[PDB]
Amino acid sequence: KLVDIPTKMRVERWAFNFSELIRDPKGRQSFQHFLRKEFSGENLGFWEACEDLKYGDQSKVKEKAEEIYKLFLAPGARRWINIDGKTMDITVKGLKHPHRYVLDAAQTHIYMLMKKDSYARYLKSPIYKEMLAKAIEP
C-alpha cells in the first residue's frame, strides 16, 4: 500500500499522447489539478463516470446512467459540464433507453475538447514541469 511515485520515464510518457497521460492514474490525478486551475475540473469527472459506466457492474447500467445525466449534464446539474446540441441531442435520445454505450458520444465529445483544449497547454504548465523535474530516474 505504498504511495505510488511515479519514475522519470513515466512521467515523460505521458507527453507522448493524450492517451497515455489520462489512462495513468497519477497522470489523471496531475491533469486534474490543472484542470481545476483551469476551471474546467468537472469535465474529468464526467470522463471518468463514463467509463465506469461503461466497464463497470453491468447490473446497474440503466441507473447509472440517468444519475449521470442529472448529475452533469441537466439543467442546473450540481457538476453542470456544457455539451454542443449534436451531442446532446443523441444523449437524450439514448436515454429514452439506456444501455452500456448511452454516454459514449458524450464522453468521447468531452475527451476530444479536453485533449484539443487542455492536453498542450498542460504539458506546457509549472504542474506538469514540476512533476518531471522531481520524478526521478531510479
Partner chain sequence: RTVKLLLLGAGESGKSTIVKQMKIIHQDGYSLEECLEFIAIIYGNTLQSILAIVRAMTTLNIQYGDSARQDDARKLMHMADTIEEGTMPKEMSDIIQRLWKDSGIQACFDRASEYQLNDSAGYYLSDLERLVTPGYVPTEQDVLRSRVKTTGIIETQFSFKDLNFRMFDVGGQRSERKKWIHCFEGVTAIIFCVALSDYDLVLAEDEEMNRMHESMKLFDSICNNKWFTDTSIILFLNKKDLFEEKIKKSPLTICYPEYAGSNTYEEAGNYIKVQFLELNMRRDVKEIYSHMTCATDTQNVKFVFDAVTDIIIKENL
Contents of the next structure:
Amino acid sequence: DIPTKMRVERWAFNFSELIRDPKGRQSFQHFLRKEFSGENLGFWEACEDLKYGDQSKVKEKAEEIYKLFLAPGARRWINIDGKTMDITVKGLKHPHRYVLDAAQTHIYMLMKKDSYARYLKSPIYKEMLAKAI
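Show the other one: the form deposited with its partner chain bound, since we just had the form solved without its partner chain.
Left out here are the partners and the other molecules; the chain alone remains.
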C-alpha cells in the first residue's frame, strides 16, 4: 500500500484523518518511536481492539491492557491523570466494551495536541509526501 499524494496531504487536514488511516498510523508510529512516546498509539489501538474485537475476550484483553499500560511502572505506562486512572482502574474491576473510554480520550488528545503537530513538520512526514505516488 503506497498512499497517493492527495491521501498523504489529507493526513495534515486534522489528526482524525491521520489516525483513522492504516498507513497514517504506521507512519505516525515511526515518528513516535523517534520521540519515545510510542505507548500512546499502542494504547489507543489496544482500546479500539477491546471495543470492536471479539466481545468474549474482553476480560482477558482488559487484564492484559492493565498489566501493560496502566499498572504502576508498567512497561508501556501511559501518561494520564490520577482521576482518569482511578476511574479506569475501578471500572476494570468489572470489565466491558467501553471501560477504557475515559483513558482513551485523554491519550487521544495527548497525541493530537503534542505529537501530531510535530509529526507534520518532521522529516518522516515530508518524506511520505515525497515518495507519494
